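Q: Residues per chain, in single letters:
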Amino acid sequence: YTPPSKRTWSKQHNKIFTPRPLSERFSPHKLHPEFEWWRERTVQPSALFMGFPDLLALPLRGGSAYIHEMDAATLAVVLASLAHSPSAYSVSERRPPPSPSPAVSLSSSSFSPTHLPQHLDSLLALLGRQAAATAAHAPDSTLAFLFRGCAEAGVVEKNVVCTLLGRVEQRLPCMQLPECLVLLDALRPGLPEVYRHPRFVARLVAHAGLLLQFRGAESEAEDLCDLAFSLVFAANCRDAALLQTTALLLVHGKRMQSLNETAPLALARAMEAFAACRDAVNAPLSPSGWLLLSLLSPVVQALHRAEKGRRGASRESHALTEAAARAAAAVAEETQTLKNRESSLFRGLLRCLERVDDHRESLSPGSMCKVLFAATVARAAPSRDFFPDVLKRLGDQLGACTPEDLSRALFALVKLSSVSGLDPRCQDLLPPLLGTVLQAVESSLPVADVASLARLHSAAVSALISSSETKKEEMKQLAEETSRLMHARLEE
Amino acid sequence: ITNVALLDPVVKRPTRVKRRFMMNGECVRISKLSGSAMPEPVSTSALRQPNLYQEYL
Amino acid sequence: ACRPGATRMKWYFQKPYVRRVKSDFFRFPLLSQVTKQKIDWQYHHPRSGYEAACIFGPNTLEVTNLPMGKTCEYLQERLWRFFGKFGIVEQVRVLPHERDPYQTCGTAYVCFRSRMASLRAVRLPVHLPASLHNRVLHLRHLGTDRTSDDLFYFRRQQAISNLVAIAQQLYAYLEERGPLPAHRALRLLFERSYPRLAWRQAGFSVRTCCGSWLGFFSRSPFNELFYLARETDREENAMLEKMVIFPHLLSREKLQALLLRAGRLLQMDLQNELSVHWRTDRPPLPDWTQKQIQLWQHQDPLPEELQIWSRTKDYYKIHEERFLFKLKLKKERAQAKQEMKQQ
Amino acid sequence: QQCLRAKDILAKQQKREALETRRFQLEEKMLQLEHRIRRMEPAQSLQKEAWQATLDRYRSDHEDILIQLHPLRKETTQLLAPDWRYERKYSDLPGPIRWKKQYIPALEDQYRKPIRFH
Amino acid sequence: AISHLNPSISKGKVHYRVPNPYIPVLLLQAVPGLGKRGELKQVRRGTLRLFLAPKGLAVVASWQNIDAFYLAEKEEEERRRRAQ
Amino acid sequence: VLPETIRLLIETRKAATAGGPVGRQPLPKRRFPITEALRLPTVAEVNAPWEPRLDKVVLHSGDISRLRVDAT
Amino acid sequence: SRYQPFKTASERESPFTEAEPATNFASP
Amino acid sequence: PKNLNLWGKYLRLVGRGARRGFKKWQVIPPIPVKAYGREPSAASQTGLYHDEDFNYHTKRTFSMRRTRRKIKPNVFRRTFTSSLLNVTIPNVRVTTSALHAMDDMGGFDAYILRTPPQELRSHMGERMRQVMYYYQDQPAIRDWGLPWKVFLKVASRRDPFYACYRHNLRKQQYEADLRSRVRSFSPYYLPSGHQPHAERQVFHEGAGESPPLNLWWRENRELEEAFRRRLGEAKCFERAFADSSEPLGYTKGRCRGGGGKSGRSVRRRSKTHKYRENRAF
RNA sequence: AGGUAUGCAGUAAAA
RNA sequence: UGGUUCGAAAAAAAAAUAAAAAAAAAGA
RNA sequence: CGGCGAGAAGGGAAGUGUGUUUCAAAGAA
RNA sequence: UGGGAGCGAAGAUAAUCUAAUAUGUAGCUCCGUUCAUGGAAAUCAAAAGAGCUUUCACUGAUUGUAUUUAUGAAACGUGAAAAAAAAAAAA
RNA sequence: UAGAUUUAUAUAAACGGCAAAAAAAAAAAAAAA
RNA sequence: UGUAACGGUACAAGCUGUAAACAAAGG
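Chains as they are written, first to last, in the authors' numbering: chain Xd, 101 to 384, 425 to 450, 498 to 679; chain Xe, 116 to 172; chain Xb, 252 to 482, 540 to 651; chain Au, 119 to 236; chain Ae, 188 to 271; chain Xm, 23 to 51, 65 to 87, 109 to 128; chain Ud, 1 to 28; chain At, 2 to 282.
Calculated from the structure, these hints are not laboratory results.
Idealized CB from N, CA, C, for every residue including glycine.
There's no promise every hint is true.
[As the list claims (entries may be wrong)] Computed cross-link-like contacts, DSBU-like style, restricted to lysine-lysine with a CA-CA straight-line distance of at most 35 Å:
#1 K154/At x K147/Xe
#2 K634/Xb x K649/Xb
#3 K602/Xd x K663/Xd
#4 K150/At x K236/At
#5 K321/Xb x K106/Xd
#6 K71/At x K25/At
#7 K115/Xd x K236/At
#8 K172/At x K154/At
#9 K172/At x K218/Au
#10 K354/Xd x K579/Xd
#11 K261/Xb x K3/At
#12 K625/Xb x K645/Xb
#13 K150/At x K198/Ae
#14 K200/Ae x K154/At
[As the list claims (entries may be wrong)] Some, not all, of what chain Xb presents toward chain At, calculated at C-beta under 7 Å:
#15 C253
#16 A257
#17 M260
#18 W262
#19 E324
#20 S471
#21 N474
#22 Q607
#23 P609
#24 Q615
Given only the sequences and the hints, what does the whole structure look like? Please build it.
A: And the structure:
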C-alpha cells in the first residue's frame with residue numbers, strides 16, 4: 101500500500117469521469133493501437149437544429165440538409181426559425197473560446213452576420229416543396245403551422261401554394277379557433293398575396309364566425325383579441341356582425357376576470373382594431429369608447445403593477508412598452524371626438540405616454556409615429572425631452588415606416604408646427620423632418636390606404652388653417668391629391 | 116505520426132491526401148473531404164528556427 | 252495509477268505565436284484582439300468582449316491573468332474574499348480551461364451589488380503571491396471600459412528611487428552652498444520620469460510617496476538628514549517661503565545607511581497598500597466560520613486514533629503500551645500549556 | 119479533370135481565407151460598436167453620432183465582403199455533399215467519389231423498415 | 188460534519204456518529220423563541236435545513252452572509268440620514 | 023408531440039431576437068430583401084487568382121424575382 | 001431484521017439529542 | 002512526516018519493502034475514503050455521497066481469526082428543489098456528509114455551485130453544475146423547466162430544441178402505450194351498441210323484471226368514444242409497496258428463525274460470481 | 001384456431 | 001410447394017448476407 | 001578603532017522540565 | 001509488466017492444528033512503463049548537523065515483527081550515480 | 001508518387017455521464033473492479 | 001493494423017482483387 105500524497109489522494113472513477121486531457125498522462129511519441137489510426141472516421145455535421153443539420157450553418161460550412169427527410173413538425177419549426185429574424189450566431193460552434201458567445205445577448209443587430217438572408221433562396225424553395233409534400237400527413241395544428249410558416253418565410257412557388265390551399269380548405273371544418281388564428285396570421289400585411297385566395301379567405305372567415313356562434317363559451321379573451329386584430333387587419337374584413345360579436349363576447353361574456361389576466365399587448369392590438377373599425381361598433425360615451433375603456437383598464441393596471449414592482500424581464504418590458512404605445516394611439520382617435528379630460532380615457536392615455544417617456548428607446552418606428560400622434564392629439568407632453576428625443580429617432584428611422592405611420596407622423600408634425608412655445612432643439616429639428624416626411628408621403632401616396640389618406644387630408648387641412656407659413660404650396664397639393672385619391676378609392 | 120493528421124484546406128478536419136498525376140506528369144495532392152488541392156508546403160526559409168537543445172548538448 | 256482527480260494538475264509552457272508567412276492565413280491565422288486567440292472563422296463566432304455584461308449586469312469586472320494549478324472554485328472563493336473589501340459581491344465566476352475543466356483558462360467575471368463598489372474595485376491591479384505564480388491580475392469594467400493600473404507598482408518603485416536621489420541631491424547642495432532657503436533649494440532638485448528616465452522638476456515623487464514637502468521633511472529618516480527652521541497648497545507655499553533648510557552633519561556611511569533605510573521603508577509602504585487586510589471594517593467571525601475559511605486552503609490532520617493503524621506489523625506492535633503512554637503524556641503537556649495560557 | 123477541379127477549389131479557398139478573416143474582424147468591431155451605443159442610451163451624444171457613422175461604414179464594407187464571398191463559398195464546398203452521379207452504385211464510370219454515412223439524430227431516433235424502393 | 192471514529196456497523200451498513208449536531212446561523216427575521224434580527228445563534232442542523240432556510244428566517248453564518256448583512260445595515264442607516 | 027410543445031418551440035424561437043431598433047435607416051432602400072445586379076462579381080472576377109467575354113457575364117445563385125435588373 | 005422501518009423512533013437518552021449547543025466564540 | 006491530513010503517517014517513512022508488503026487485514030476499522038486515497042465508486046459518482054462510500058473492515062477475535070468484509074454506505078433517497086435548475090429533482094441519493102456539506106454551503110444550489118471537485122467527489126454533481134452554468138448562459142431554456150438530466154449530455158446542450166422535442170415525443174409515446182395497456186386490462190367492458198345483450202341464465206323465480214337498458218352513449222359518436230376511453234381508464238385494484246417517501250414505510254429482511262437450506266453453503270454474489278444476472282449493476 | 005394475389009395506416013363484431 | 005416478409009417475437013444477432021451501397025429532383 | 005541594531009507568521013514537530021532545535025500544513029520544466 | 005490501483009483464495013511450512021509464513025501471491029477488473037513514477041520539508045535529527053525526489057553498494061540479515069515454523073531491499077548514517085528547481089507583471 | 005483495389009471482421013466515441021443494441025424521456029433502477 | 005471468405009492465376013502453404021502481374025512512347 102502506497103500512502104497518498106498532496107497530488108495523488110484525489111481520484112476519479114475508471115468509467116464515470118470528467119475528461120481532462122491536459123492533466124491525463126500520455127506518451128505522444130508512441131503508437132497506440134487502441135485509437136485505431138488505420139480506421140477512418142466520419143465527419144459529422146458541426147451544427148444541428150431540431151435533430152437535423154442547421155440550415156443557418158450551410159452557407160458558411162456547406163453540407164447536406166436532408167430537407168426531404170423532414171416531417172411536418174420539424175418543417176414548421178425550421179420555417180419559424182428561418183422566418184423570425186434568423187441570426188447565424190444561433191448556430192453551434194466547435195471547440196469555442198471559453199468566453200460567452202454573442203448568442204447570449206437578446207438585442208437585435210443592424211447587420212446580418214455571416215451571410216445575407218437571400219443566401220438561402222434555394223433552401224427556401226426546397227423547404228416549400230417539402231412542405232407541399234408533407235401537408236397530407238400533418239395533424240390540423242401542424243398543418244396550420246406549416247401554412248403560416250411558409251407564408252412568413254416567403255415560399256412563393258404557386259403550385260406549392262395551390263397544394264397547401266387545397267389541403268387547408270379540405271381540413272378547415274375540422275379546425276378550432278386557435279388554428280383559425282394561426283391560419284389568419286398568414287394573411288398579415290406584407291406577406292405574399294398568393295395565400296390571399298379570396299374563396300379561402302371567405303371560407304376561413306365563415307368558419308371563424310360559426311366557431312364564435314356555437315362555441316363562444318370556450319373562447320379565451322386573448323384568442324378573441326387576436327381574432328379581432330386579424331379580422332380588421334389580416335383579413336381586411338367589413339364583417340361588422342363578426343367584429344361586433346367579438347366585442348360583445350369580450351365585454352359582456354363574463355370575461356372581466358379573464359381581461360385582467362390576458363396579456364396587455366393583445367388588449368392593445370384589439371383596441372387598435374376596434375378603433376380602426378369604430379363605425380362598425382357604433383352601429384345598430426359611444427359604445428366604441430366604452431369598449432376602448434374596458435380594454436384600456438387592464439393595460440393601465442399592468443403599468444401600475446410594473447411601476448410598483450420597480498435578461499428575462501427585458502422582453503416583458505418591451506412588450507409592455509409596445510402595448511402602451513398602441514393603446515395610446517388607439518385612444519387618441521376616439522379622443523379626437525371627445526376633447527375633454529375624460530374620467531379615464533385621458534388619464535390612461537397620459538399613463539401610457541409616461542410609460543413611453545420612460546421607455547423611448549424600446550419604441551419601433553411605428554411606435555414612435557403612434558406616440559407622436561397620441562401626444563399631438565392630446566395636446567400634452569409627458570416631459571420636456573419627449574418631443575426632441577422622439578423626433579431625433581423618427582428622423583433616424585424614417586426609412587422603415589409605412590404609409591400609416593407616415594400619415595400619423597405628418598399629422599403630429601403639422602400639429603407641432605403651430606406651437607409657439609418650443610425648445611431650440613425642437614425648432615431646429617422640425618423643418619427638416621417636415622420636408623423629409625412630406626417627400627416620403629408624396630412618394631408613397633399610391634400605396635396608402637383609405638384611413639391613411641383621410642389622416643393625411645386632415646393634416647393638410649389643419650396645416651392650411653394654422654400652418655400656412657411653412658411649405659404652404661406642398662400642403663395644398665397634398666390636400667388636392669388626397670381628395671382625388673380618396674374619390675378614386677371610394678369609386679373602386 | 117499516427118497521433119497526428121493532415122487538415123483539409125476547406126473543412127479543416129482530419130483528411131486523407133492522395134497523389135494524382137496529370138498528362139504532363141505534374142503531381143497534385145488531393146484531399147478526400149473536399150477534393151481540394153493541397154497548398155504548397157511552407158518553405159524551409161520561413162520555417163527555420165535555431166535548435167538550442169543541440170547547442171546546449 | 253488511476254484516473255487523476257483535481258489534486259493532480261499539469262500545464263505546459265506556451266510558445267509565443269509567430270506568423271512565419273504573413274500572407275498564409277490557412278496556416279498562420281490572425282489573432283483576435285478580443286479573445287487573444289487564433290481566428291477560426293469556420294467554427295467560431297465573433298466576440299465583442301461585452302457578452303458577459305448581458306449576463307452579469309452593468310456592475311461587472313472582467314479579471315485576466317489568473318494562474319494555472321488551481322481549481323476554478325478555489326479561485327472563485329479567493330476572488331470573492333479579495334473583492335469583498337469594496338462592497339457586496341453578487342457573484343464570482345471563473346472560466347475553465349478548454350483542455351482541463353478543473354483548471355481555469357485565466358479569465359473570471361465579478362458581479363458587484365453597487366456601481367460605486369465596482370468602480371472603486373477596478374482602480375488597482377491585483378498582485379498575487381508566489382503560490383499563485385506571482386501573477387498581476389488585470390481588471391476591466393464592462394460598463395465604463397475603465398482598466399486597472401498595471402504599472403502602479405513599477406511607477407512607485409521609480410518614484411521611490413527618485414525620492415532617494417532627491418534626498419542625496421539636497422544633502423549635496425547643503426554641503427556645498429551651506430544652509431539654503433526652502434523655496435530656492437527645492438527648485439534645484441530633479442527626478443527622472445518613468446520609464447525612460449527624463450529629467451523633471453521634483454514634485455511628483457514627493458506627493459506620491461509623502462503627500463507634500465512638509466511630509467517629506469517630517470517623515471523618517473529624512474528628518475535625520477534635514478532640519479527645517481523658521482527664520540492647503542497656499543499654506544504650504546507661504547510656510548515654505550519663510551524657512552531655511554539646515555543639514556544634519558553625517559558621515560558617508562551613516563548617510564548611505566539612512567538612504568537605504570528610506571528606500572526600504574518606502575518599499576514597505578508600497579507593499580502595504582497592495583496587501584491591505586480583507587477583514588478591514590467587517591464584523592468578527594465565529595470559530596466555526598474561521599474553520600470553514602481555513603478548510604478552503606488546508607485540511608486538518610487526521611485523527612491519531614485512525615492514524616495508529618498505519619504502524620506496520622512487520623516492525624511495529626500495533627497499539628503498543630509505551631507508544632500510547634507517550635501519546636497520553638503529550639496530550640497532558642499540551643493541556644497543561646493551554647491551561648497556563650488561559651490563566 | 120479531377121486534378122483541374124482540385125486546383126480550382128484550392129485557388130478559390132486561398133481567397134476565401136482572406137475575405138472571411140476580414141469579415142470576422144469587421145463583425146467583431148461592429149458588435150463592439152453596437153454594445154457601446156446600447157450601453158449609453160437614451161442619451162444623445164456627439165460620440166454616439168460618431169459611433170453611428172463608423173457603424174454605417176463598417177456595415178457597408180461587411181455587405182460588400184459578403185457579396186464577394188457568396189459565390190466563392192458555393193464553389194469551394196461543392197464536394198462536401200454527395201453527388202449521386204459520382205457514386206459507385208449509380209455508375210461504373212472512372213473517377214467515383216465516396217462519402218461516409220452520417221449520424222443524424224432526427225433519423226436515428228425513428229423506426230423505419232429497410233425498404234429501398236427507389 | 189460526521190466523525191469517522193467508532194462507527195456502528197450492522198446489516199452490512201456503516202453509520203457514522205455526529206458528535207456536534209449544531210451550526211451557527213444569522214437571524215434575518217424575528218423568530219419567536221430563538222432571537223432577534225442580526226444575532227448569531229447556534230441551532231440544530233435539521234432546524235436550519237428544514238425550517239429556517241426554507242422559510243427564509245435565517246441563513247448559515249458564513250463570512251459572506253455576515254458581511255452582506257453588515258453592509259446592508261450600514262447602507263440603510265446612510266439612506267435614513269440622506270432622507271433626513 | 024402535443025401541439026403545445028410545437029407552439030412552445032415556435033414561440034421560444036420567435037422571442038429570441040426581440041429588442042429596440044439600434045442603427046439608423048434614414049432611407050427606405065419590401066419585407067423580402069432585394070439584390071442589386073451591378074454589385075455581384077463576374078465570372079472573371081470569381082475565377083481570378085489571388086493578389087496581395110467573361111467580364112460581362114454573372115453567374116448568380118438566388119431569386120431572379122428579387123434581382124434588380126433592367127430587363128429579365 | 002425481518003421488520004426494517006425506514007424511520008426508527010429516536011431514543012431519549014442518546015447523546016445525539018442531548019449534545020450541548022456549544023459556543024460561538026471560544027475565547028469568551 | 003508530511004501529509005498529516007491523509008492516512009499512512011507511520012508508513013510514509015518506514016521503507017519501500019514495508020509499503021509493498023503492508024497487509025490490509027491489519028486495519029480493523031474503516032478508514033475514510035478521501036484520506037485513504039480510494040477510487041470513488043460508480044454509485045457515489047451517480048449520487049451525492051461526499052465523504053461516504055463503499056468501504057472495508059476487518060474482524061479479529063481472541064482466537065486471532067481474521068476476516069475482511071465489504072460494507073455499504075448509509076444512503077437515503079431525497080427530493081430537492083433547485084432554483085438554478087428551475088425544477089424539482091426527485092430521488093437523489095444523498096448521505097449525511099453530503100447533507101451537512103449542503104448546510105455548510107447554504108443549500109443544494111450553493112453546494113453544487115461552489116464545492117471544489119475533490120470535496121464534492123461526484124461526477125453527477127459536476128454535471129449539475131455544468132447544467133446550472135448553461136442555464137445561466139441561456140435563460141430561455143431554463144423557463145422550460147425540464148428535468149435537469151435532459152441536458153446532462155453536451156450534444157443536448159448544443160441542440161436544446163431537439164432535446165425538448167425528443168423528450169416530449171418519448172413522453173407521449175410512453176403515455177399512449179400505458180393508456181392502451183390499462184384499457185386492455187380494464188375491468189369494465191362495454192359491448193357493441195347493436196348487440197348489448199349478453200348471454201344470461203334463467204332468472205330465479207320472483208326476481209323483478211330488469212328495466213330496459215339506457216343507451217345514453219349512442220346519441221353521438223364523440224360521446225361514445227369519450228365514454229369508452231373513460232371506461233378503459235378503470236383499474237381492478239391498487240397495490241401497496243415499500244416506499245421510503247412514506248412516513249410509515251418499511252422493508253423486509255429474512256425469516257425469524259435465522260436458519261438456511263440444509264446442506265447448502267450459499268455463496269454471495271460478487272464481481273466474479275453471478276456478476277451480470279438480469280442486470281448490469 | 002396464424003396471415004392469399006393494388007398497398008400502407010386504422011376502430012368494432014364474429015363458425 | 002416452402003423460406004423470405006407481417007404476427008407470434010426475440011441484439012434469443014446462424015461472419016463473409018439482405019426490401020439493407022449518403023437517405024428524392026427522380027430529368028417523367 | 002565597528003553599538004542599542006533591517007517587517008521572521010504566534011502556528012506544526014521534538015520527553016510530557018522546551019530555557020532549546022527545526023519547519024510553515026501555500027506554487028511550475 | 002514479480003512496475004502501479006481495487007478486490008482477493010487454497011494446495012505448501014508450521015512434521016496434526018492456530019497465528020504468522022506462502023502473500024498482499026494466483027485468478028478477475030483497471031493503468032500502460034524515464035516525454036513515467038513520483039517531488040522542492042508545517043522533513044530528518046540531535047543539542048553537532050543534513051538539505052526536493054530517484055538509483056546502486058555498505059551499515060546488516062544488524063535493531064526489529066513473528067515467539068513451536070519464519071520473516072525482515074528497517075531508521076539514522078557512510079561510499080557512489082544523477083543533479084534543478086521554477087523561462088514566467090504586460091508587451 | 002500510372003492506375004485499380006469485392007466481401008466479413010456488429011464502430012456517430014478524430015469522443016464523453018454510467019447503463020441492453022459503441023451513448024436508451026424523468027422515476028422506478030440497485031455498483032469495490 | 002491484423003486476419004479471413006469468395007473470385008482470378010500452374011483448380012496453390014505462392015501471387016493477387018472482376019483492371020484479379022502489370023501503365024512507364026498523351027493536349
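Q: Run every hint past the structure and note whether it holds.
A: Here is what the structure says about each hint:
1. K154/At x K147/Xe: holds (31 Å)
2. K634/Xb x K649/Xb: holds (23 Å)
3. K602/Xd x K663/Xd: This hinted pair holds, its Cα atoms lying about 16 Å apart.
4. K150/At x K236/At: Roughly 32 Å separates the two Cα atoms, so the pair holds.
5. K321/Xb x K106/Xd: This hinted pair holds, its Cα atoms lying about 13 Å apart.
6. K71/At x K25/At: holds (13 Å)
7. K115/Xd x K236/At: Between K115/Xd and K236/At the Cα gap is close to 43 Å, so the pair fails against 35 Å, i.e. violated.
8. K172/At x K154/At: holds (19 Å)
9. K172/At x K218/Au: Since the Cα atoms of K172/At and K218/Au sit roughly 33 Å apart, the hinted pair holds (cutoff 35 Å).
10. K354/Xd x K579/Xd: Not OK: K354/Xd and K579/Xd at ~45 Å, beyond 35 Å, violated.
11. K261/Xb x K3/At: holds (22 Å)
12. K625/Xb x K645/Xb: holds (31 Å)
13. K150/At x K198/Ae: holds (33 Å)
14. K200/Ae x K154/At: holds (33 Å)
15. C253: holds (6 Å)
16. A257: holds (4 Å)
17. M260: Violated - the Cβ of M260/Xb stays beyond 7 Å from chain At, reaching only about 11 Å at its closest.
18. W262: violated (17 Å)
19. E324: holds (4 Å)
20. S471: violated (44 Å)
21. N474: Nearest chain At Cβ about 50 Å off; hint violated.
22. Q607: holds (4 Å)
23. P609: holds (4 Å)
24. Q615: Result: holds, 5 Å to nearest chain At Cβ.
Violated hints, in rising order: 7, 10, 17, 18, 20, 21; the structure is consistent with all others.
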